[PDB]
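**Student:** Here are the chains, one letter per residue:
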Amino acid sequence: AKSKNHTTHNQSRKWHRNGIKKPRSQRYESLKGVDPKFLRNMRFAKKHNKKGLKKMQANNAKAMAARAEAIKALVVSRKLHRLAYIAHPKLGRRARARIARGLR
Amino acid sequence: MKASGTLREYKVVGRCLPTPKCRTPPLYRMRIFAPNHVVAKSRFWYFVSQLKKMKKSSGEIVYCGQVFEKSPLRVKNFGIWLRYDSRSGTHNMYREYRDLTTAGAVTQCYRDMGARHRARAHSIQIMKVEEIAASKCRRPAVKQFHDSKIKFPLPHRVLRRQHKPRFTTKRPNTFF
Amino acid sequence: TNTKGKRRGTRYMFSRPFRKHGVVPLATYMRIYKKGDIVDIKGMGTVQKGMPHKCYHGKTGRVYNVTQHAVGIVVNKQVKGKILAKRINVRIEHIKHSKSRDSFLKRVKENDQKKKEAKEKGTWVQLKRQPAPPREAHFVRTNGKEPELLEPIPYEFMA
Amino acid sequence: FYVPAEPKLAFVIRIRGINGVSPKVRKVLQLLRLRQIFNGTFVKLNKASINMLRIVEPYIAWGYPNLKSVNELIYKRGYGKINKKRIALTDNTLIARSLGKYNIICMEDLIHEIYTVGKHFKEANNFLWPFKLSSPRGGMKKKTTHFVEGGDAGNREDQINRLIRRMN
RNA sequence: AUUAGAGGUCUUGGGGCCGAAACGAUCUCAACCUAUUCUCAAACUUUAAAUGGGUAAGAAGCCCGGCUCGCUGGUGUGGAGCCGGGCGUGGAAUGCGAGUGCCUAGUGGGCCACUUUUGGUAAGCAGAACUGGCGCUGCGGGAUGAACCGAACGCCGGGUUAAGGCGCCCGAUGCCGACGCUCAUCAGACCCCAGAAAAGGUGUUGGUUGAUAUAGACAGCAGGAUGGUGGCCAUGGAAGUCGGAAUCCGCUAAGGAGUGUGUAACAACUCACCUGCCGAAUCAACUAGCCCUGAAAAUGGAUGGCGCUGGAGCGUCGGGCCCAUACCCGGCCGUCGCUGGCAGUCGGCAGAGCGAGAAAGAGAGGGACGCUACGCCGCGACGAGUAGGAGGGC
RNA sequence: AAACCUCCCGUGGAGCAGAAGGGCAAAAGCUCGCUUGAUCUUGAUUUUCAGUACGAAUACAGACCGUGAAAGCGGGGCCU
RNA sequence: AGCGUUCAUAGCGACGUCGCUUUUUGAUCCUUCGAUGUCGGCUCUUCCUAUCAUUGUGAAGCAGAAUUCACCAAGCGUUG
RNA sequence: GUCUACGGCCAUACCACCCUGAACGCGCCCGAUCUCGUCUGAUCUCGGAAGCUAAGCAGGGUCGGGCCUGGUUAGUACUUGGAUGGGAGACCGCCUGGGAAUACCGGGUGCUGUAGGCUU
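Residue numbers (the deposited numbering), protein chains in the order written: chain AL29, 2 to 76, 89 to 117; chain AL20, 1 to 176; chain AL21, 2 to 160; chain AL07, 80 to 247.
Think of the hints as simulated: they come from the structure by calculation, not from any bench. Don't take every hint at face value.
To be verified - Each pair of labels, with its calculated beta carbon distance range:
1) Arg105 (chain AL07) to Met14 (chain AL21): 29 to 35 Å
2) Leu93 (chain AL29) to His139 (chain AL21): 28 to 34 Å
3) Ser99 (chain AL21) to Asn11 (chain AL29): 32 to 38 Å
4) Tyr81 (chain AL07) to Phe152 (chain AL20): 50 to 56 Å
5) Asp237 (chain AL07) to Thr90 (chain AL20): 30 to 36 Å
6) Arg41 (chain AL29) to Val104 (chain AL07): 54 to 60 Å
7) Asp85 (chain AL20) to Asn11 (chain AL29): 39 to 45 Å
8) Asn125 (chain AL07) to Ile99 (chain AL29): 35 to 41 Å
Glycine included, every Cβ here is placed at the ideal spot set by N, Cα and C.
Generate the whole structure from the sequences, applying the supplied hints.
**Tutor:** Below, the structure is given as structure tokens:
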């Protein structure tokens, strides 16, 4: 009473029913498995990021105004083009008032 | 290549794509026999790809025109050179015909090879159609029409319209 | 059935090429890899340690962790109707900087160049790659010469 | 000689049915919007598009349409995909409502965009529903084999205009 | 792995040969070596495709400025992490709204086909790869049929088709169909598919190649058809005829040194190469079409049947024509979608519009029906189904 | 013919415990010297895979050590 | 190729090769295990021809006799 | 033009034989007291500078081998997709696309980074 042993027959069809979903991409992937000695330093750089709070607010602000001076030192044919202007609602009102007197 | 209808003759020329390596390729003229010009330009690539290293992806058709007969009201003896394949090996042939246009002869050659040798149209490669005189003929089945005083009756006549008066009373005469 | 050995069927996958056996060139080591580089895998037989599996020989991924002699890669592996973004640790010897990315990085340079340039000219120039169009109408000069006539040759039994 | 421009437009008609179709072919025939037999569509030609047409060569019968061939298809079988709803084009304010952001405000504009493939073909051609052509009056030659070998599948370059006159 | 000769040298040697004896010499025969040469490899390979497998084609990106670090250090070096600010032509084509979480039945004997493929002589056998089928599925066609070809199904009217057909059964060629091919005392007659091979044919139709012809063919008829010689080494005799070797020439159209018709050999004659009359095609070998031989089983018998031979057969091909539940058009039912529309039935406290291509204001200084809103109404698209799941049952 | 000695040629035709394949020439081989990384301890990952184990394996990290002038290398066997 | 004095094919026919047949055995497991009564013989019928005899014939190494080989042919026989 | 040191690429750089090498340099070469190591100062280590391009090395040459790169083989082999194509089969032909490899015949025979000399 032997039987079949193995077959990948219906399988490729079975997989594409619900689609072969690519793995869900997302920014800020997890920091798991990264080596500890580099990670251990990285947590210290995040622990002492408040130390430069006063410098940073007093660095970009003086850089905020420095940007405000580089600006302050500076600041197919006319026939179908014409008919395209009469056919405009918001800016052709004054135009087609010339036709309204054409019946008059 | 399905030899359907009366064939025509086409002068199709082509060339390779222009490249910085070779400024302008040479032009290649052929004489294709095909039902429509579309299957002519396809049959063109089939020959040029075996006489040259050119394919349709690296060539361009330059002119797909139909050539007409120079004298369609003159009877002519045409000489055809074939390359057909049997069930066992390929052979060269020289078949002779008698018709009014070369395309009228090529069609006749395609029906004949299918009739006399059971060869389908995709097996035959016409390579040369030459107009020859009545003295350069070789096949006897066409030489017998070379007579300024040819004369022959019509023998026992296969009666047509045999269904229009389907139930007649008289025996149909066959001697006209 | 088959065996589940790690290197089953890698007679030619990890074998060194012809006339290239022996010590490996040193620029394969002094080539640097930051985080997030498009990096492909090609197993090298001469370095037994740090070898990847045979299912990644050819697969391309990105780096997420860099150690002394190795990198961690996030590569995709299809396993029976689903893709897995699995992390593997491979030595530098089985690693190349994939050039399947920089030709887009080159395209970013001119796209940033031609956007700043020609802006003061007030013109609008194309940026996107358009596929190869059908060729335009042109002439063909056939000066003097006539196109040569071709003919199918007869049959010569060559054997 | 004068080598004319290679045609920038093509009309694609599906000839084979839906039973027993290769998965690579089936994916392409639904990217050309040809889910039904004897459905038509316009396709602008380029290297990236012809190589998709080679994949479905046994299933389609495409060629280069004529100016009259576009007029009959848009007038008699033109249906706009307005809000994911197949709606007939019995009035110009159905086109200009949706295609007004591309200066297409009539049917002659819509034909001018399709026939002379412009820079707004994609929004124009995706606006038209796939054409539900009829069965070919007069009968095909052979549905199976390629047009060159007597059949009807493949690139029947200019003869596609004859096929339209009967199917439309 | 394997075949064959070549050219090398004593590079060792097998018996040799004048040599006591010598790489002194001898023809050699071997290996051995060097250029070549024939044939191969699922478990060989320098080369090496087609098809195929990843990745990329931006805003999570670019480009500035500055902080933090116990990490890294000649070097605010290196790298990472933080802030802050600036750049949208959305950076290939095509198509399409996506993401995501619960709970979960059935199933876990499969089978067939193109292509690839292992074992086996093979199998409607056993075992795999890829795709599609059947199972779960009707329909048109293949006479018949789980799987082949077409095409997938709500209920109908019209039109048109597919694959198949169109002498009759049997819808459609009752076409002034085309050009051939074939005669079978076993004709042949349409994928899967249901039956034949080597070999052969002066059957016939094509071809291929090489020779023969006014210096004359091929047959035909009629003439020399001898001779040294009746050759001898000779067998009793062979004188053209039992059996091998010499297998010439002069005369000269020419005569083989005798292929046949008989004795002991002749006589006898007709056989070669040539004469003639008559004078235009003929011979030789291959080749491939149809046809025939090769071809023998048990109930009576099967191109489906009848029957068909100016096909109703085979080959190449025409227009026409026939019809599926497929396609187009129209109706009706239902489901799905628009997460569509309607409380505006706002009436002498009235004034009847919001279908309008274009981000926004009909702004103030006496009158049918309807709307069980769990109701009513309008558009599109769609409809197979076992196991199984759910919903609704006036 | 084959003991030992010397020169020359020698891309691996050898060797590396074993089956085969891969790999290896100032070495992974051979020969010497010093040694115990075949030790102690978290996790992450790979392989089979249900993406569970066991086994085996790869990258680190924290220790204590070996060796080396040093860079380094070593937490068993060149890999399977 | 040879045997057959001579002589390939009257009759045979090696080395090879091409089939046919389902009266041998295999192979297979498709149908039947809520059963299809599983060896022979006896009895009785019909069918097949790959022909032993008989009718008609061809070929022989057929003189006659006897015996081979082949064709049309299964009508009729093939016993104690 | 070129060399030395350290290299990158790892034969267009290799191999065989022949030729020529100004200057510096690299070498050869002379020695063993010390350092160090051998059976042996050959090698390794160390101290030198009488000699020398003889060799290594560099450049060059060879109808050179190899290697590198083309042509040819060849649109051949093979192959994706398609047919109610052919064939008793074995297998072949066509449509649609992609497309090799020897023999054979050519061309080529190291580029180059950093530092330092020499030719002043």
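**Student:** Hint by hint, say whether it matches the structure.
**Tutor:** Tested hints:
1. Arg105 (chain AL07) to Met14 (chain AL21): 29 to 35 Å: holds (34 Å)
2. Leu93 (chain AL29) to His139 (chain AL21): 28 to 34 Å: holds (31 Å)
3. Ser99 (chain AL21) to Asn11 (chain AL29): 32 to 38 Å: holds (36 Å)
4. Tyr81 (chain AL07) to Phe152 (chain AL20): 50 to 56 Å: holds (52 Å)
5. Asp237 (chain AL07) to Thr90 (chain AL20): 30 to 36 Å: Roughly 34 Å apart at Cβ, these two residues keep to the hinted range, so it holds.
6. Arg41 (chain AL29) to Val104 (chain AL07): 54 to 60 Å: holds (56 Å)
7. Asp85 (chain AL20) to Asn11 (chain AL29): 39 to 45 Å: holds (43 Å)
8. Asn125 (chain AL07) to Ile99 (chain AL29): 35 to 41 Å: holds (38 Å)
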